Amino acid sequence: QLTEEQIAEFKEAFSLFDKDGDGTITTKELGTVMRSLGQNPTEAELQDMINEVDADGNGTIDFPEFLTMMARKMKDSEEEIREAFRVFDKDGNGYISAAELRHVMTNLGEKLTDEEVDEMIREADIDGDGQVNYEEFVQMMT
Amino acid sequence: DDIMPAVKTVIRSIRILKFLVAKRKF
Ligand SMILES: [Ca+2]
Ligand SMILES: [Ca+2]
Ligand SMILES: [Ca+2]
Ligand SMILES: [Ca+2]
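Chains as they are written, first to last, in the entry's author numbering: chain D, 3 to 78, 81 to 146; chain A, 524 to 549.
One thing to keep in mind: the hints can contain errors.
Here are the computed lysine-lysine pairs in the DSSO-like style, where the Cα-Cα straight-line distance is at most 30 Å [unchecked claim]: (1) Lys77/D / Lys94/D; (2) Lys115/D / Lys548/A; (3) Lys13/D / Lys548/A.
Some but not every residue of chain D turned toward chain A, in silico, with C-beta under 7 Å [unchecked claim]: (4) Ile9; (5) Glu14; (6) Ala46; (7) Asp50; (8) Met51; (9) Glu54; (10) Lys75; (11) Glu84; (12) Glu140; (13) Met144; (14) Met145.
Since the hints were made in silico from the structure, they are not lab data. Backbone N, C-alpha and C fix where the C-beta goes; we use that ideal spot for every residue, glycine too.
Kindly produce the complete structure, drawing on both the sequences and the hints.
This is the structure we're talking about:
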């Protein structure tokens, strides 16, 4: 009942956290992502977050643990896309700039070039104004 | 190319983690 597409969806999300590929999400990797997403997690609540799903008490989340907690709550996905846009559009102007998109991928530790970023916008920017609006952003996600 | 859709589910994973803690704290 867990489709092959949902699992790969969860695997790709896990690999975003697991920047070093060691198969585990640490407090560092969790906090790094949360900051790139505009939040400022306290180092203690980072610990409390890992603690809720760490079943074997090693202070890390691995993929099956990650899978277990994502699979429990698959109840329905549009506001998800909307909120995601609100994260990327820092100046609330309704458009995601290249710099607004750079400052997230840079913060994520994606290790992408400024041209690589600019090609991501280019693929997404349909009307050609150099920026990604919400409806362009929807098609990019979906 | 497969980065951006993963960001959507990454966000959901954080909401769930924060909910699990808040569930405990209450
Ligand atoms: Ca690690
Ligand atoms: Ca583990
Ligand atoms: Ca702007
Ligand atoms: Ca636009």
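Consistency of the hints with the structure:
no., hint, result
1, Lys77/D / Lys94/D, "holds (29 Å)"
2, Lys115/D / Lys548/A, "violated (37 Å)"
3, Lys13/D / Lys548/A, "holds (29 Å)"
4, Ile9, "violated (12 Å)"
5, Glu14, "holds (4 Å)"
6, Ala46, "violated (10 Å)"
7, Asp50, "holds (5 Å)"
8, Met51, "holds (4 Å)"
9, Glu54, "holds (4 Å)"
10, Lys75, "holds (6 Å)"
11, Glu84, "holds (6 Å)"
12, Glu140, "violated (12 Å)"
13, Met144, "holds (6 Å)"
14, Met145, "holds (5 Å)"
When each numbered hint is compared with the structure, violations occur for hints 2, 4, 6, 12.
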